[PDB]
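Here is what each chain is made of, one letter per residue.
Protein chains: 2
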Amino acid sequence: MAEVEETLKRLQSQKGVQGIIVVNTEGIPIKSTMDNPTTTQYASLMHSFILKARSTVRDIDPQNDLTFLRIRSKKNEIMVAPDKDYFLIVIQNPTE
Amino acid sequence: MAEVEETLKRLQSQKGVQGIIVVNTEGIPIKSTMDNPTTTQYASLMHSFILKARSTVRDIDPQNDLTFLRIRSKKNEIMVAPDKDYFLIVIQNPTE
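Taken in sequence, the protein lines are chains A and B. If you read the first sequence in this note's numbering, its first letter stands for residue 1, the second for the next number, and so on. If you read the second sequence in this note's numbering, its first letter stands for residue 1, the second for the next number, and so on.
There's no promise every hint is true.
Pairs involving identical chains hold if they fit within one copy or between any two copies, as the list cannot separate such chains.
[To be verified] Under the rule of at most 20 Å between Cα atoms (straight-line distance), these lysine to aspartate or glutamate pairs were calculated in the EDC-like manner: (1) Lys74 x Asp61; (2) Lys52 x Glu77; (3) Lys84 x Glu5; (4) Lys52 x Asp65; (5) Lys75 x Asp59; (6) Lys75 x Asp65; (7) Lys74 x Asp59; (8) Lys75 x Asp61; (9) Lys9 x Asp85; (10) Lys84 x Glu3.
No lab work stands behind these hints: they were computed from the structure.
Make a model of the complete structure from these sequences and hints.
Below, the structure is given as structure tokens:
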């Protein structure tokens with residue numbers, strides 16, 4: 001549990017940092033490196049989308065499940081790994 | 001256009017083949033290596049989901065867009081690249 005939170009900080013990567021938002025089972029981000037308005041505009045928008053994967057994923061068969069996800073984007077990389085009782089959107093990049 | 005269709009065949013990869021489904025702007029798969037019932041059960045289910053990315057993606061800002069996507073799954077890899085007037089779900093795997 002505590003080690004898992006430490007992993008989130010490792011998501012900082014190095015500097016690409018497009019914005020980091022940690023969200024719990026509540027939907028509301030328990031933490032974020034964003035100013036504030038970006039945090040909810042993305043958190044609320046991404047939160048709804050992330051549940052679609054687990055929902056859509058389970059709809060076909062319980063045999064499989066969502067272990068990780070990453071949407072490509074011209075402006076930045078989109079990736080949100082849903083863990084145990086917490087999940088987060090990691091907006092960052094390789095300065096590419 | 002014709003070269004793009006040839007690329008789809010290259011998606012065969014080597015043998016992982018979990019199922020390959022080509023879908024056009026119609027929603028209905030213009031082609032597939034699946035028996036038949038799997039093709040529509042996944043195509044119709046995946047079709048709705050794929051549009052959510054472009055929809056969700058554009059909802060935040062037109063500056064970015066979905067160039068490619070890949071959902072992780074315990075049973076197989078999920079990936080569907082939406083191209084110009086056609087897009088397809090490539091279900092395959094590295095026999096891992």
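Violating hint indices (sorted, rising): The structure conflicts with no hint, since it agrees with every one listed earlier.
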